[PDB]
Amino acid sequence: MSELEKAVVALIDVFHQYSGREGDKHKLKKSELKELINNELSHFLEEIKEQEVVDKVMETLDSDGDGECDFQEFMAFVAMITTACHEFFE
């Protein structure tokens, strides 16, 4: 696989690693999302230690309002992080 193909598969893998922990195995609840950010973006994003931050993140990502982050909403999250990563050095 190319680096791009590996990256695509890595996005799928990390989503399911976390979404499969509790409840709907195909969506991230608040706790799953929090651990995803804290464990897997520890170099990019500040560790989340406040409920209010967890709440605000979910509220931002939860486009359809069902209180969870589904795959499509996670793709939008990845675009946000990647864009922020890309804009950091400008």
The other form holds:
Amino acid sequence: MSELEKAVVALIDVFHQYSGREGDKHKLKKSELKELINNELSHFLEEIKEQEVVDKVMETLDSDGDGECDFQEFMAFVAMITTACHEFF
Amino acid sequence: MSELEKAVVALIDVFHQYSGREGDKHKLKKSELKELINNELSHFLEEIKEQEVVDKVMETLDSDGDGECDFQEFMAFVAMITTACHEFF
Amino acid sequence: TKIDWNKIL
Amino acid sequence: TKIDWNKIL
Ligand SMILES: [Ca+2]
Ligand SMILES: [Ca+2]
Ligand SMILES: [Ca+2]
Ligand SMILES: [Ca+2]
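Having seen the form solved without its partner chain, please provide the structure of the form solved in complex with its partner chain.
Zooming out: every chain and molecule, the one shown earlier first.
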């Protein structure tokens, strides 16, 4: 009901929208990660139009080295975005 | 404009609403943290009505040990909340 | 949804 | 606000 609580539900809701598309329903594979970014982060990140950007992003976010982005790794990605957003500001 | 982007702005907006109240405008002191929780997380966390809960929460979130909760430590707190939210579910 | 407090800490 | 990509990585 508060805007922060709305933010918490959004984080959960969007991760699962994408993670559940294919394979492990609790992790984002590259194609799921790419679409999440392109569809849902278009005001903060440049549309990914090259395979190697998809690959490099996953390499960066894939902290435990299993080829996918789990929810912990996703939150780290969100922390990275949110931090980078101020600054600017 | 997407709900995830809304979530990213909310995270920033609410942290600064509280962090800027007193002292260091970039960190939450105990009283700022307590009000953030009580005012903005009332559907996920029990209202803090005892000094020692305030103190223990700060002790937990204060990773670099400077007595305050900075934005990095705040995101960790959000990660903790969001993770705990499924499960349930 | 109370998600709380020892969980957490 | 493009926040991107090397920043990031
Ligand atoms: Ca998946
Ligand atoms: Ca992984
Ligand atoms: Ca402050
Ligand atoms: Ca600290």
